[PDB]
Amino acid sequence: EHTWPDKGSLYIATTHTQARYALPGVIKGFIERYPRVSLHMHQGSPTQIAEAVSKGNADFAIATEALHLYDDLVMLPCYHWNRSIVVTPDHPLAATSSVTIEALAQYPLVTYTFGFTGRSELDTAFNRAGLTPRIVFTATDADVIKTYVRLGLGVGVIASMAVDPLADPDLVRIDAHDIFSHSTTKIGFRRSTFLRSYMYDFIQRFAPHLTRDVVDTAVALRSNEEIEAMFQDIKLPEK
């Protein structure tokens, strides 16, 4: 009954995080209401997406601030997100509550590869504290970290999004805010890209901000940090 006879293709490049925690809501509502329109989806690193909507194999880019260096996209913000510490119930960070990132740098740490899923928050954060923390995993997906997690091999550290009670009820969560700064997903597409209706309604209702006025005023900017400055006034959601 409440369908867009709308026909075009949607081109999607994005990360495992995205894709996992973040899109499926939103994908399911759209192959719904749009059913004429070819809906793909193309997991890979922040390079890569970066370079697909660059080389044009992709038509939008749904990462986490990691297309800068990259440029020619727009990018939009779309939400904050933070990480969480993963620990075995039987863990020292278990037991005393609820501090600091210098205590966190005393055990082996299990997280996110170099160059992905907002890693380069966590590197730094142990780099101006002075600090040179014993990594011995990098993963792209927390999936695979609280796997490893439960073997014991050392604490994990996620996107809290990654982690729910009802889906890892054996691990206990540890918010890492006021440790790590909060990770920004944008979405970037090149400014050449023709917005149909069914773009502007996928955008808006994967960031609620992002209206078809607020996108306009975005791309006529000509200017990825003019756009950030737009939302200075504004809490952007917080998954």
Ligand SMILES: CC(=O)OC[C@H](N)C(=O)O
The other form holds:
There are 2 protein chains.
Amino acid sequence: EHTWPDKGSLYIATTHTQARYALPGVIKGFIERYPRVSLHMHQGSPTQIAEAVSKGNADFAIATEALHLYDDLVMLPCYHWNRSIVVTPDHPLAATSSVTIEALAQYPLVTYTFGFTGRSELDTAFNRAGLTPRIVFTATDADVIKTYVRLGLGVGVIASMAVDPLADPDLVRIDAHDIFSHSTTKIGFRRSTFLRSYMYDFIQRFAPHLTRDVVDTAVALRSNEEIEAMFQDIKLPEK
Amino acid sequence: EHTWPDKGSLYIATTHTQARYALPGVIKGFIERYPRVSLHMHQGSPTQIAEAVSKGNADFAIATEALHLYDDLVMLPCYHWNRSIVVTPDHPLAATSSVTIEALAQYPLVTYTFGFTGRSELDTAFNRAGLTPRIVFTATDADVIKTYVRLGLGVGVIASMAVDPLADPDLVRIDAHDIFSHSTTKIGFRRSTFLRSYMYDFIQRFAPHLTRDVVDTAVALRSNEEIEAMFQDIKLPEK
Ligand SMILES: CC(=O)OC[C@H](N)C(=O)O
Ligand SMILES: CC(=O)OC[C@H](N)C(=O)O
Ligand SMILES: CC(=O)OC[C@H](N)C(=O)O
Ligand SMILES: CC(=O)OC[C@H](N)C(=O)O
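Having gone through the form deposited without O-acetylserine (OAS), I am curious about the other one (the form solved in complex with O-acetylserine (OAS)); can you provide its structure?
Next comes the full complex, and the chain you just saw is listed first.
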């Protein structure tokens, strides 16, 4: 019954983690209220996602920091998230509170790979601690990482949202927000892109704080740095 | 007890699907027989995988056809595989034998994206049938695709190995090898790369037909086209 007769299309370019763990709840809620809106989604590497929206092959770019290289157009903060190490229940780490930055580098690691979905930090957080960790697997997603944790190739380091008991209950979850700083999931779009009402509603559903007047004000400010500074005293969702 | 004291390293660059559904069985069997071999794995886009091995940041490149662009160095066929459409049990297709190329283009599609893991074929198989299918989601992996099939965004088209009952049992599997031609998973390496004994054993475990004398003969033939023609009368595994 509750249906908006809004006609139009919405092309979303994003990554695995976002489309896997952050998007599906929002996506199904969207198409159930906008049957006349043609929704198109494109998964790819974050460096290719920010190229789709610029060149007009996509409207929004829901990915992590990686859009910062592209000073091409508008960039809005959605939510913060942090990593969590996953180990077998038979692993020495499984038993510790709380693990530490130095105590994690003593094991083989299975993390994210450089640009896709949040890695450094890693290789880089360590640089800070002057550590040289042994990383034997750099994967794009977390479904791959956890499988090679069950295999025993090394200690996995994935997003917290990528772990849930009962979906993955033979694994051990350990918080590492004291170990690694949080990453900021952003949404990339253009000033030329006319923001439709179904677009505003989609953003505020993926990011409650990003209301129309908040979005418009951020667009009004002709700088991503000014936008990122507008939310200085404003708190974001933490996953 | 059964341990080879072979010292050395093995860097493998691959994709999601291979590392997800084809590699883990081989990987665990490898490290259990070569404890002194330092195994390193790198997941990435197929166009970036074939760049890792060339530039020496990886030894083997276990991915699909996409290595053909790179006439840089040796390319060995491992196994054939084909797609299978996944739908909800409440979907019209669920009920049909067997679906057909024309009868699939009448629905919204959720397939692989252009270069990563086997797409065209799609967009291209159709071209052949003069069809213009509505594809609303192009994803890198199949874990993403199936989630958006359960959501109901459209009909999914993934690898057959990406489906298994009891891992994904609320979905309906339909064979499409009569619909789409099979793809060839290849392994990319260099002639300069000295093939260690643990490397030969790894290949013949991932591809039974690729024994040492078969591998050496293919390397001896200084052309990938000659290699691909050597297996003309030789049958490959079919997944
Ligand atoms: C993991 C996740 O919940 O992502 C955040 C989501 N946009 C939200 O509804 O807050
Ligand atoms: C959703 C979450 O975990 O973050 C809460 C956030 N600090 C807020 O109140 O906006
Ligand atoms: C899916 C899969 O089995 O891949 C093929 C594998 N290399 C093999 O053992 O034949
Ligand atoms: C493993 C498979 O399904 O393929 C069999 C292949 N035709 C062979 O005999 O080599």
